[PDB]
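Here is how the chains run, residue by residue.
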Amino acid sequence: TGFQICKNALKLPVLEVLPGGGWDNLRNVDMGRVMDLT
Amino acid sequence: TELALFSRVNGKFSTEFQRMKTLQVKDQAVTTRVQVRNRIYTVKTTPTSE
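As given, the protein sequences belong to chains D and F, one line each in that order. Under the working numbering, the residue at position 8 of the first sequence is numbered 148, and the numbers go up by one with no gaps. Under the working numbering, the residue at position 7 of the second sequence is numbered 365, and the numbers go up by one with no gaps.
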C-alpha cells in the first residue's frame, strides 16, 4: 500500500491529487480515505 | 538724488536696498507593506488512530 517501491523502480513523482477520499459537503474539506489505494 | 547749484556745487546721493529671501520645504513619506502566506500541506489524523 506504499509507493516507495514504485518510486525506487521508476524515479518518478506520484500524482498528488488522488480521489476516493470522502468530502464533507457542509464545510467543504476532505475528511477520510474510503477507497483502498495500493 | 542729484543737486547742482550755481553749476558749480554738485551733490549726489545714491542709496540701494536689495532684500532677497528664499524658503524651501520638502516632505516625503513612503510606506510599504508585504504580506506573504504560503500554505503547503494539510495534515489530518486518520480516523483509525489510537
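It cannot be assumed that every hint is accurate.
Claimed, not checked - No more than 20 Å apart at the CA atoms, straight line, and that leaves these computed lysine to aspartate or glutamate pairs for EDC-like: (1) F:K402 <-> D:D164; (2) F:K384 <-> D:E156; (3) F:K370 <-> F:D385; (4) F:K402 <-> D:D170; (5) F:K379 <-> D:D164.
The hints are simulated quantities; they were obtained by calculation from the structure and are not laboratory data.
For each hint, the structure was consulted:
For the hint pairing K402 (chain F) with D164 (chain D), the CA-to-CA distance comes to about 14 Å; that is within 20 Å, so the pair holds. Note on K384 (chain F) and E156 (chain D): the hinted pairing is violated, with a Cα-Cα distance of about 57 Å set against a maximum of 20 Å. Distance restraint check for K370 (chain F) and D385 (chain F): the Cα-Cα separation of roughly 50 Å exceeds the 20 Å cut-off, and the hinted pair is therefore not satisfied. About 9 Å separates the Cα atoms of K402 (chain F) and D170 (chain D), which keeps this hinted pair within 20 Å; it holds.
Between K379 (chain F) and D164 (chain D) the CA atoms are separated by roughly 76 Å; this puts the pair beyond 20 Å, and the hint is violated.
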